[PDB]
Structures are given as C-alpha cells and as structure tokens.
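**Student:** Below are the chains, spelled out letter by letter.
There are 2 protein chains.
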Amino acid sequence: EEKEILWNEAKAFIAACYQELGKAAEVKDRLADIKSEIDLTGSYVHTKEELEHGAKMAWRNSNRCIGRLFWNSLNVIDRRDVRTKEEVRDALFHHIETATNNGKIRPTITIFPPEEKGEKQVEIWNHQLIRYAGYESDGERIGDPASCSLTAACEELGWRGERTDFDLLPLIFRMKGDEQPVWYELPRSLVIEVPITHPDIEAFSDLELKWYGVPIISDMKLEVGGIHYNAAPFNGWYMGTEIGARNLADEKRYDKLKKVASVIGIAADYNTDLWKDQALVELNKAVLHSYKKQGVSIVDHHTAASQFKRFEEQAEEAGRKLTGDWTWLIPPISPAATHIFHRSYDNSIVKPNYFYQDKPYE
Amino acid sequence: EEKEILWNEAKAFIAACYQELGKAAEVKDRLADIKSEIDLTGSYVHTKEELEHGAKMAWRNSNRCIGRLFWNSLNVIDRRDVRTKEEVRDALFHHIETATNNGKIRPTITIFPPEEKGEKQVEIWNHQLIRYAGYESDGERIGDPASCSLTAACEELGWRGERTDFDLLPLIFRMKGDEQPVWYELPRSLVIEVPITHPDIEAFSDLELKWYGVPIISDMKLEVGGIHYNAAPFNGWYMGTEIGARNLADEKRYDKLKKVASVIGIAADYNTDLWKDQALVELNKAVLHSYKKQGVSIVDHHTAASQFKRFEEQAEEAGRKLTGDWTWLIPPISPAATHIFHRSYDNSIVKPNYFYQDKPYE
Ligand code: HEM
Ligand code: HEM
Ligand SMILES: CCN(CCc1ccc(NC(=N)c2cccs2)cc1)Cc1cccc(NC(=N)c2cccs2)c1
Ligand SMILES: CCN(CCc1ccc(NC(=N)c2cccs2)cc1)Cc1cccc(NC(=N)c2cccs2)c1
Ligand SMILES: C[C@H](O)[C@H](O)[C@H]1CNc2nc(N)[nH]c(=O)c2N1
Ligand SMILES: C[C@H](O)[C@H](O)[C@H]1CNc2nc(N)[nH]c(=O)c2N1
Ligand SMILES: [Cl-]
Ligand SMILES: [Cl-]
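The listed protein sequences derive, respectively, from chains A and A'. A prime marks a further copy of an entry chain.
If you read the first sequence in the deposited numbering, its first letter stands for residue 2, the second for the next number, and so on.
If you read the second sequence in the deposited numbering, its first letter stands for residue 2, the second for the next number, and so on.
Next up, chain A with everything else stripped away, as it sits in the complex:
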C-alpha cells in the first residue's frame, strides 16, 4: 500500500510535469526507470528538473497563497547532498543571504533530503528561519506569543534569550540519529530588520516597533510525486497586512493598536469612533512606508490582489483549473475593496503542494 501510494503519485506527477516541460515523450521510459527503482529501493530520486518544477507546481497549488502569480520564477536550491549539521546550518545561513539579496528579496526554496520510510533525515524546529522569541512568565508577556513554546523548548537546550520584545531565535534542527536538536545563533549581519516609522506622524517611532525583512517558512512539508520533503524552507516577500494587520495588531500577538491610537492622537474609547479601524490603517501605512524607505521588498494588498487576478487569468489562459481558499485569500483589511471578496474559489487539494506536519516539540 505504501509503495502503491508512491507509484500512483509518481505516475501522476511525472506525466503532468513532463507535459508542462514539453517532455511528454519521455514519460513512458522515465516511468519505467521509476517503477524499477521503487521495486528495488522502495523509493525513487527526482531529477533536478523534476524537483525544480515540482517546487514551482507546489507553490502554484497553494490555495491560501495570494502571491502565486510568480510561481514559475521560484529560485530552487537543491541541497539533497547534505549529511552533516554543519552543512545544514550553512545551507540555512546561505538561504537567508541569497533570498534577502540586500533587500531585493528573491523567492527561494532550499530542498533538503526527503523522508525515507517516513523517517526524517533533517528535522527543522523553527516555524520561520527568522522569528522573534516569546515569553509568558506569570503575567509578564514579552515578545511574540506565537513563539512561546518553541522559545521554551530552545531554553531547555542551553540557550537563553535576552527577553527583549525582539530576540531572534537561533536556528534549531535535529539530524537523523541524534536524540536532541542542535541550535545556532543567527549572525546578525545576515538579518535585515525594518524600524516602523510613519510618513506623516513623527511620534510613531515612539512605539519602537520593528519587523524582520524576510519571512522564511521552515516547517511545512513539500510533497512532490509521492516524495516527502519535510525539510524544505521557502520564502517570498511580505504582504503589508501580514505585519500591520496581524503580527503587530492581533491581541494574541503584539497587540499594538491601542498604542498606535495613542501616538496618532485619537481616542480609543468608543466602538463607534472606529478607532481600531483607523489605527489599523495608519499602522499598515507605516509598515509599507518603512519597508519601502529601507529598500526592502514588500507588497500592499491591493497590488497583491491585482497580481492574483492576473494569476487567475493565466490559469484560465493555460487551461489549468484554479484552486483557492477564499477565507485566506481575502486580506484582513478592506477585503471588499479587492476582487477576491466578490468571487468564489474551489478549495480542492492538488499535488504537488506544501502541507502542515506535526511539531517535533510540545
């Protein structure tokens, strides 16, 4: 049944992939090599081309992603060769560097060896490669609550955060054969951060807000033709609302709106004043302004929505069925101002794709 799932998935991916790459006549032969390889080894190894296009396809199939227009230009780094934690660390360091690209962010994925018998070769603990720690000690909240459990797990392994609101978590990951993960402090010279200022309102800097430049998701499983790449960190750039409307605004995150309201000089007393909405808008304007001023790639939700419309059009133009999760595609501010809000999407799961997988801690 396992070998059969793998074989079925492989036939479907190879046929589709080679169709897209104009390699349709190589399918029969390639499928044979695969079937022998599976019968002999219990698995199979992707060609560079297959792996690259699989990564792109997987992005194209991400129902929740609004930034899919640029799926075909994903920069793919093949690190299936790594065997050592030094090699894993250096590959991660490198991913940060080349993705960041001095602020001109390059959408990049680094692909590590896949699971074998469901056995991971490399198991990454970070949610993102760059993320802030979180502390909840008897009433005292510091930093990013989202990171509380990972931060605690890391503080078991001999690490210690400074307990500012913006401690960078180290890389933490475990190698097959090892009982505990290792951790490595990030070289600060690799991490670009952006101070949040506002274009009109001088006092906004009193909040002393900042965010990191590059969101690099490192806890999702890339699935390509039956092969499970549990360790395959990927990055794009931010949509502004992600920082301004969620990370800095959520009560369960940094919870800044009341402070935003105060520094922008409005009362936060009455629901009917719509102070939350007003604070949300200024904070999000601040975010967009700050990233642009700092030479760090970012997109506003109107432009993003506008780009995603082009993606919908391209799919139709290419005869590809379009899938999407409406509940995640709509931006958390002014959703009815985008076309997404006014149409529906089929939320069917298509592979290749990126999937959630169990956290290795907690």
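Don't read these hints as lab results, they were simulated from the structure.
No false leads were mixed into what you were given.
As the list makes no split between identical chains, a pair holds if one copy fits it or if it spans any two.
With a cut-off of at most 27 Å between alpha-carbon atoms, the simulated DSS-like pairs for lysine-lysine come out as follows:
{"id": "1", "residue 1": "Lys86", "residue 2": "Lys118"}
{"id": "2", "residue 1": "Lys293", "residue 2": "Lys259"}
{"id": "3", "residue 1": "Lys310", "residue 2": "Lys259"}
{"id": "4", "residue 1": "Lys310", "residue 2": "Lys253"}
{"id": "5", "residue 1": "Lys310", "residue 2": "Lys260"}
{"id": "6", "residue 1": "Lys4", "residue 2": "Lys49"}
{"id": "7", "residue 1": "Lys257", "residue 2": "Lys310"}
{"id": "8", "residue 1": "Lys86", "residue 2": "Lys360"}
{"id": "9", "residue 1": "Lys29", "residue 2": "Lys352"}
{"id": "10", "residue 1": "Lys105", "residue 2": "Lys211"}
{"id": "11", "residue 1": "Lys322", "residue 2": "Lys24"}
Starting from the structure of chain A, add chain A' with the ligands where the hints point.
**Tutor:** Then chain A' with the ligands, alone, in the frame of chain A:
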C-alpha cells in the same frame, strides 16, 4: 410526495417549536389535527403562536446574519387576513411606520398569506420596501445600479423616476388573479433619511450623500414547517459597514471612495498609500456619526460582532447547535479585529429559515 414533504416538515417544526414553548404535551394532539387537515385540505394553518415563534426561529437559523442575538424579540405582525391590494399596500405602509418608530427602529416582520399549491397569493417585486432607483442609459449612470432592472420594470408600468441619485422606488406587487403588479408611491412622511456628514471634516457634506433609515427586506421566502410564506417583509437596523463599506463604496454601487478621498484631503494615486482603506474608514465613521446624530438606530461592526459572540454563548447555554456562514458574518472592514474571523462555523441549513426565491421580473 408534496403532501409528504409538508407532513414531514410539519412534524419536525411542531415538535421543536412546542418543545421551546414548554408546550411539549400538546404535540401529539396538534400533530393529529394537522394530519387530518392536510389529508382534507392539502395544507394546514399555523396558530398565532406557531407563526410567531416560527418567524423568530427562522431568524435564529439565518447563517449569514450577525444580528441574531435579538431573534426572540422580533415583532411579528400577522396579515394572513389580507385579500385586496389596498390591504396589502396599507399593511406595507404600516410596517414602515411601526418599524421606523421615529428612528428607534423595531425589528419587525409582516406575514402575508402563504403560497397554496406553490401559487402565490401576494407577490412582492421590491427587494426592499425602501430602496433607491437606478438608471443606466448609454454611459450615463444614475442612482443605485443594484436597482436598474427593477426600476426599468417599474417604468414599464407607467411610473417615472425623477432620475436623481436617490429616487425612492414605489411599492410594487401583484395579487393572485392579476396579470400585472400595481405600484404605489411611498408617502415621503413615512421615509426617514439620513444626510451623511462627518464629525470632524466639514467638507464631507459636499458629497451630498444620504441613505434611508430602515432596511426592510421584502423578497425572501419565510419557510415555517412546510408552509411557504413567499411574502413576509422583515427589517432590523443597519450595521454601519453595510452602508459605508458596501452600498456607498462598491464600484458596482455608488462608488464614492475617490470622492471621499478628495474631500478628506488625501491623494488617491498610489496603492501603497492605502487611500482606499483610509477613505473607507472615514466614510464609515461618517455613517455611524450621521445615524446617531439623527436619532436613527444603527450598530458598528465591533458592537455587532460583540453581540453575536453573546449569541454564540447563548446557543451553547441552551444546548442548541449553532450554524453560520463565516464568509458573510465577517465585516468588510477590519474583519480580523473581530472574534468571528478567528473561529469557524458550520454552514448547515436548518429550518425554519428565510430563503432566496426567483425574481418575478427580468
Ligand atoms: C512572493 C511573495 C509572496 C507573497 C506576497 C505571499 C503572500 C502570502 C500570504 C499573505 C499568505 C497568507 C499567510 C498568512 O496569513 O499567514 C500566503 C500563504 C502561503 N503562501 Fe504565499 N506569498 C508569497 C510567496 C510564496 C512562496 C514563494 C511560496 C512557496 C514556494 C508560498 C506558499 C504559500 C503557502 C504554502 C501558504 C499557506 C501557509 C499556511 O497554510 O499557513 N508563497 N502567501
Ligand atoms: C437587528 C438588526 C440586524 C442587523 C444589524 C443585522 C445584520 C445583518 C447583516 C449585516 C447581514 C448581511 C447583509 C448583507 O451583507 O447584505 C444580515 C443578513 C441577514 N439577516 Fe440580519 N440583521 C439584523 C436583523 C435581522 C432580522 C430582523 C432578520 C429577519 C427576521 C434578519 C435576517 C437576516 C437574513 C435572512 C440575512 C441574509 C440575507 C441574504 O442571504 O442575502 N436579520 N443581517
Ligand atoms: C504565522 C502565520 N503564517 C502561518 C500560519 C500558521 C501556520 C501553521 C500553524 N500551525 C500550528 N501548528 C498552530 C496553530 C496554532 C498555534 S500553532 C498555525 C498558523 C505564516 C506564513 C505562512 C505562509 C506565508 C507567509 N507569508 C509570506 N509572505 C511568506 C512566507 C514564506 C513564503 S511567503 C506567512
Ligand atoms: C443588498 C444586500 N443584501 C442582500 C444581498 C443579496 C440578496 C439577494 C441577491 N439575489 C439576486 N437575485 C442577485 C444577485 C446579483 C444581482 S441580483 C443578491 C444579493 C440586503 C440585505 C439582506 C439582509 C439584511 C440586510 N441588512 C440589514 N441590516 C437588514 C435588512 C432587513 C433586516 S436586517 C441587507
Ligand atoms: C477561522 C478562520 O478560517 C481562520 O482563523 C483564518 C481566517 N483567514 C485567514 N487568512 C489568513 N491569511 N491568515 C489567517 O491566519 C487566517 N485566519
Ligand atoms: C463570493 C463571496 O462569497 C460573496 O461575494 C460575499 C462575501 N461575503 C459577503 N458578506 C456579506 N455580508 N455581504 C456580501 O454581499 C458578501 N459577498
Ligand atoms: Cl509572518
Ligand atoms: Cl442594504
């Protein structure tokens, strides 16, 4: 099969309804009377109590409605007695008057005779009892585009709009036996309207915006225990975003955001300025301010969301399953600022309920 659908629906409604009304011991007897009545007449007639509670239940079951907390206080007017168009008109006029209640809006439903063999007794053409007309003549857009087809149909029947942006449509409805509907101009003394001004920004009145006080939906079918009340106009008060974020903001509606941006003194040139979002917020603040200043009931989306949370809690407290349509429950501005955004809802259809039905024109 028809009589069987009716009988099944009736058993389910009577049992549930009488359970809620502490009348559980009357179910067996009441069900018998119903079964005889159906076998003899092909239908059955609701008691006043049944009809009233059915109307309330139907509201409680409206997955898309955020205002459901107040379901049990719905004011029900039983007009199953009407036979003439004069009687229908007067019942509609009256509904407007008592619902409006000088601005202190009373959630009210007026229930007309139900369909017999799927044959309507009274067929209402209006979407709402109070609504603005719409004209689209070679490039020239006037009024509310949503009302274009109904306005045209009405202008077949000898009526003529003045072609302002805010022409009130007359009541239009048809009686069983008649080939054409009749129409009646609304007495202006019955219609409260609100000029949109802004609390801080004097120039906002230059836009010369207004909206009507009371939204009275008059084109949905109320279904209670197998009985189809196709004609049963109902009203609540407005949630501010309905006017500020949709009716006045939608490009396919009044499309005012660029004009809002100009009178509030911001540029409407760059997506990254978030001028749409900023314009949305000021316009919605204007709406809330204007309705409150005029002594007309309205609710902001935070308070509404807050009330709907209490409704969720009540359902649980009463052992009632809760149903909801997440895509409609989230407000079109700052949705992530409400709890609704951060949970899920079962979108199952439960009866009694209000349903769409085919437009009689177009
Ligand atoms: C190029 C810029 C990109 C932008 C602006 C963008 C935007 C977004 C946003 C706003 C979300 C929702 C995130 C949230 O609410 O937490 C999202 C989700 C997602 N994006 Fe993208 N994205 C981009 C590139 C990419 C890339 C390069 C990949 C992978 C190759 C990707 C795959 C995904 C996936 C898998 C999700 C779903 C995550 C989940 O389910 O939690 N995106 N994207
Ligand atoms: C008391 C104040 C009320 C408020 C503030 C309220 C709020 C809302 C809002 C904002 C919507 C979405 C409308 C849209 O986006 O077009 C809605 C939908 C709805 N409401 Fe309510 N509502 C109220 C009372 C009522 C009453 C009295 C009824 C009926 C007895 C009702 C039944 C419904 C139904 C059936 C829908 C769905 C309409 C559709 O599918 O298009 N509501 N409500
Ligand atoms: C933090 C919010 N999301 C992920 C949301 C999420 C993911 C996974 C879980 N799973 C859980 N185990 C938990 C749920 C609740 C507590 S833990 C919960 C939430 C991060 C994210 C994902 C994908 C894209 C982006 N934004 C981006 N622009 C990109 C990053 C990388 C490429 S594009 C952000
Ligand atoms: C105009 C927007 N909605 C209804 C949305 C809608 C309904 C029905 C259709 N059906 C169609 N036939 C069409 C679709 C497209 C063109 S016509 C389309 C849209 C009006 C509405 C419905 C229910 C509640 C409210 N708001 C209110 N606060 C209340 C009114 C009455 C009681 S509460 C507003
Ligand atoms: C319950 C709800 O579906 C869920 O909380 C979603 C709503 N849509 C979202 N959309 C995005 N982009 N990100 C999120 O975290 C959420 N939360
Ligand atoms: C396609 C989408 O589901 C649809 O256009 C909905 C979204 N949610 C909505 N919610 C409300 N309250 N009103 C609407 O008109 C819509 N439009
Ligand atoms: Cl993030
Ligand atoms: Cl409306």
